[PDB]
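Construct all of the structure, not just a fragment, from the sequences and the given hints.
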Amino acid sequence: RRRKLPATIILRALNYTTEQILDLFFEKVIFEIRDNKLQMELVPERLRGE
Amino acid sequence: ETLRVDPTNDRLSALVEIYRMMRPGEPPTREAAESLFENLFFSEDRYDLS
Amino acid sequence: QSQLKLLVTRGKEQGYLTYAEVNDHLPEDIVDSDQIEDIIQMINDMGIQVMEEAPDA
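Chains U, E and F supply the protein sequences, listed in that same order.
Residue numbers are given in PDB author numbering: position 1 of the first sequence equals residue 200, and the series is strictly consecutive.
Residue numbers are given in PDB author numbering: position 16 of the second sequence equals residue 364, and the series is strictly consecutive.
Residue numbers are given in PDB author numbering: position 35 of the third sequence equals residue 40, and the series is strictly consecutive.
Hints may contain errors.
[Unchecked claim] Cβ-Cβ distance ranges computed for the label pairs, FRET-style:
hint, chain 1, residue 1, chain 2, residue 2, range
1, U, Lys-227, F, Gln-8, 35 to 41 Å
2, U, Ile-229, F, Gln-8, 42 to 48 Å
3, U, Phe-225, E, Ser-398, 31 to 37 Å
4, F, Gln-46, U, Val-242, 55 to 61 Å
5, F, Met-51, U, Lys-227, 38 to 44 Å
6, F, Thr-14, E, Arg-368, 23 to 29 Å
7, U, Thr-216, E, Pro-372, 24 to 30 Å
[What the hints assert, rightly or not] Beyond 12 Å from chain U on every Cβ pair, some chain E residues (computed):
hint, residue
8, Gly-373
9, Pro-375
10, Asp-396
11, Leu-397
[To be verified] Calculated pairs, SDA-like style, for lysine to any residue (alpha carbon to alpha carbon, straight line, at most 20 Å):
hint, chain 1, residue 1, chain 2, residue 2
12, F, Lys-17, F, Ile-35
13, U, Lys-203, F, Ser-38
14, U, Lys-203, E, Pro-376
15, F, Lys-17, F, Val-55
16, U, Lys-203, F, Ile-44
17, U, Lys-203, E, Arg-359
18, F, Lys-10, F, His-30
19, U, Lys-203, F, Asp-37
20, F, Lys-10, E, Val-353
21, U, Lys-203, E, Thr-356
22, U, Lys-203, F, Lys-10
23, U, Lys-203, F, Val-55
24, U, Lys-203, E, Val-353
25, U, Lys-203, F, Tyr-24
26, U, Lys-203, U, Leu-213
No lab work stands behind these hints: they were computed from the structure.
Even for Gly, the Cβ is constructed at its ideal location relative to N, Cα and C.
This is the structure we're talking about:
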């Protein structure tokens, strides 16, 4: 019960880098750049309410 | 957003930031900054949910 | 800027004088017995003008 800090500071204290931090809360989305254009790993379920 | 407001960037800066938040006074070191955080949630003589 | 804007805009007037709030929104080494009386003195009593004497101090 002290002063506030961003709750990722303890994660780094557990030897977690920022990228690992991002890959522990969120679902990644991979994009590909082929044939001089931009593609996307589309997931139909994710497009709910957009 | 939490990572966006995080001053620390690695393990040293984190444990040191915790060391400066808990015991605001003496210059944060390596052993002290680490042993403190370990003796908070990772030590039987200092932490126990029973 | 930071302290001034955060203190004023938040406290309007925090109703029941939420002490355990902005004290965490302050820099330097915390858990002191010095910075305590300097917030309990401004909030009430001489309201409005006291909040303009604080930042200048």
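Holds or violated: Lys-203(U) to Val-353(E), with C-alpha atoms at most 20 Å apart: Roughly 12 Å separates the two Cα atoms, so the pair holds.
Between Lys-203(U) and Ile-44(F), is the straight-line Cα distance small enough, at 20 Å or below? holds (19 Å)
Hinted pair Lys-203(U) and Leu-213(U), Cα distance within 20 Å: holds (18 Å)
Against the range 23 to 29 Å, how does the distance between the Cβ atoms of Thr-14(F) and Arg-368(E) compare: consistent or not? holds (28 Å)
Should the hint that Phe-225(U) and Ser-398(E) are 31 to 37 Å apart at their CB atoms be regarded as holding? holds (34 Å)
20 Å limit on alpha-carbon distance, applied to hinted pair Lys-10(F) and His-30(F): The given pair, whose Cα atoms are some 11 Å apart, holds under the 20 Å limit.
Since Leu-397(E) was said not to touch the interface, does its Cβ keep a gap of more than 12 Å from each Cβ of chain U? holds (17 Å)
Does the hinted range 35 to 41 Å hold for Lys-227(U) and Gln-8(F) at CB? With a Cβ separation near 39 Å, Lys-227(U) and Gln-8(F) satisfy 35 to 41 Å, so the hint holds.
Please check whether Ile-229(U) and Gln-8(F) have a Cβ separation lying inside 42 to 48 Å. holds (43 Å)
Quick one, are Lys-17(F) and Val-55(F) close enough, alpha carbons at most 20 Å? holds (13 Å)
Given the proposed pairing of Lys-203(U) with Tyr-24(F), does the C-alpha separation stay at or below 20 Å? holds (15 Å)
Would you assess whether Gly-373(E), listed as outside the interface, keeps its beta-carbon beyond 12 Å of every beta-carbon in chain U? holds (14 Å)
Taken one by one, the earlier hints fail for this structure at numbers 5, 12 and 23, listed in ascending order.
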